[PDB]
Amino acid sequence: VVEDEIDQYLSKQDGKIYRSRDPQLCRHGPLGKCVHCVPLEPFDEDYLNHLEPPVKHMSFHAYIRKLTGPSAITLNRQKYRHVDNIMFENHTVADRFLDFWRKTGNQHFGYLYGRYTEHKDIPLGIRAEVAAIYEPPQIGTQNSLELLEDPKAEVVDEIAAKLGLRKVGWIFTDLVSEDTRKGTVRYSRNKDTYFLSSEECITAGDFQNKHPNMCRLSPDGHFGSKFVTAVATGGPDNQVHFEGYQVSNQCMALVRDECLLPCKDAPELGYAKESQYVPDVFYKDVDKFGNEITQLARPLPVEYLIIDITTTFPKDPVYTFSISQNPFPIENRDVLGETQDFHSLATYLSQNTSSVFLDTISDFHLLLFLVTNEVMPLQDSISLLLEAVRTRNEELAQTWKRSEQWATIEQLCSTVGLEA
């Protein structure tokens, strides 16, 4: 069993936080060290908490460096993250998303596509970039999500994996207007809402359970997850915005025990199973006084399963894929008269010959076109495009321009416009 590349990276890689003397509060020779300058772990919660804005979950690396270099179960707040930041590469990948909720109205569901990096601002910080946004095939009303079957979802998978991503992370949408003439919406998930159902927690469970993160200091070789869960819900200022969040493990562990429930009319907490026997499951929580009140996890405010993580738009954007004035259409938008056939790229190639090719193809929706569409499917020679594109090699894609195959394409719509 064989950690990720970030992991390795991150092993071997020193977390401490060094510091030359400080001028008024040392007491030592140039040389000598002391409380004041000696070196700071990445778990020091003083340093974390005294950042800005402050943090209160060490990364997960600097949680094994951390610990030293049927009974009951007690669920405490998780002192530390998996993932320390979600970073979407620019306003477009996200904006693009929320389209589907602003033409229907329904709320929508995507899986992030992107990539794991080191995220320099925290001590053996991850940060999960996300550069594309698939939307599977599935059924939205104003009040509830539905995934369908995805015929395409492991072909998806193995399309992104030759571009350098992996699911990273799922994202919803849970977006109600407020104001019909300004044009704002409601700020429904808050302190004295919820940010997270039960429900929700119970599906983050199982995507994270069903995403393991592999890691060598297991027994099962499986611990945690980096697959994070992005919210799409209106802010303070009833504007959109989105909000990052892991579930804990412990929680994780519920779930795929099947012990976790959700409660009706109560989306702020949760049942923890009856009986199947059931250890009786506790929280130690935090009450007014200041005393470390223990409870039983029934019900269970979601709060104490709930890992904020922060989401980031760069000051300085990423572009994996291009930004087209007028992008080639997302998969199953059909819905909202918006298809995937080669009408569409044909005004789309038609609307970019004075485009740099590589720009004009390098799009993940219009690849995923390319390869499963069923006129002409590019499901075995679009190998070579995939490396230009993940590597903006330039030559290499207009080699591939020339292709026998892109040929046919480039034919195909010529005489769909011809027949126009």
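Numbering follows the first chain given and starts at 1. Only the largest set of C-alpha atoms that superpose within 1.5 Å between the two forms is called the rigid core. Compared with the form deposited with its partner chain bound:
Only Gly290, out of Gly183, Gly290, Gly337, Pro314, shows a C-alpha shift of 2 Å or more between the two forms on alignment of the rigid core.
After superposition on the rigid core, the Cα of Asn49 moves by 2 Å or more between the two forms.
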The other form holds:
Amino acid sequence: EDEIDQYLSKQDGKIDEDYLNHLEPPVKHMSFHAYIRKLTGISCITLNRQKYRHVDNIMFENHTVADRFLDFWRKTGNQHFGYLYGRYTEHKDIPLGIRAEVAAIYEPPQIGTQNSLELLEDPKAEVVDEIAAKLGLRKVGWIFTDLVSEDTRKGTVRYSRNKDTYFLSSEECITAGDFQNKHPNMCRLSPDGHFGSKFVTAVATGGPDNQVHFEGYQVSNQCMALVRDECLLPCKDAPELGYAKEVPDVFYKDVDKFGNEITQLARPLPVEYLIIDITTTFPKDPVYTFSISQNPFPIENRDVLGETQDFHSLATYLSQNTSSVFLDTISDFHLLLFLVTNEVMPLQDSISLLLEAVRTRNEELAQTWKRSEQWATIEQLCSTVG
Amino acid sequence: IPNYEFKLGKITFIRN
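Structure of the form deposited with its partner chain bound, given the form solved without its partner chain:
Full assembly next; the chain just shown is listed first.
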């Protein structure tokens, strides 16, 4: 079981009927452990809205992690996506609540259009997890963008994802659940060794003020199943509607206009039944796993806008930080991927020590690594840039 | 209403 789970099992969560309405603000779903305890005193029927959440809060470590992700869309107008790398911790506002801390957003190979997004295969996918594991990190979810300008004088964006439309398209529900399937969460009471997923979906769109806001979703554990056996399709005309194919028979329970229980063929399936709302947070005490440079090293895969990771930008970057503490200079997830996977002087052989120095924020350890032979020749290479 | 339009790995943002 995950480190957070071994801990939440060992912690009291009180202060079974009126529980849902005391530890307020208004919570939409019970936390996974509490709904577990609210019961101690899944393959291919029907679709009911899920009363529990595997993750209760998504928290970006600081505004900069999210800001820099968004520059891709600002500079291009193209939708962009990334993977959330980080860790799972306790959400102390909610008893037994699970928090997803986002330390870094990794931007993999993709094709972004104004109205479309394609997820190419990442030849570095595996090695990036390997680097991320050694930095105390794992994928906690994915984030994608859906920003369209509205007022080009104000600099604002359409509030297109709202109560009268959708929050998640059916296409993104199927994608979300797929991701949840490939990132299962580990628990005993499930006939496989795993129940659910802790993989979250972040959405950058216009909010009601036509500024950018960040919203968090997971998809129901039922929804997980229908896509796992490919029983769920999206709809061409309307983003708010799924569709069940024909293989088993499912449907949902609405309520009509004199207020009684109902049941109708999922033809279509209103996305609202599949969606699990997670709250989204920027903390007042910000967190700096990675360092914030005034002039950061470039984010990866930014060909299409003329930001490139190469030994010219590293020469530049390194020369702007001669007076900076070396650990602060090097504590950057995107620098580190480049340092490990570049095709000129890769450092995959002698990384471990440095990545340990970044993960534990150890200065003396990083300083000795700066005296490594492979860093000296890295510096010999940079100094030949003019 | 109409459905078929899907291959995984590719999201489309329906505008109108």
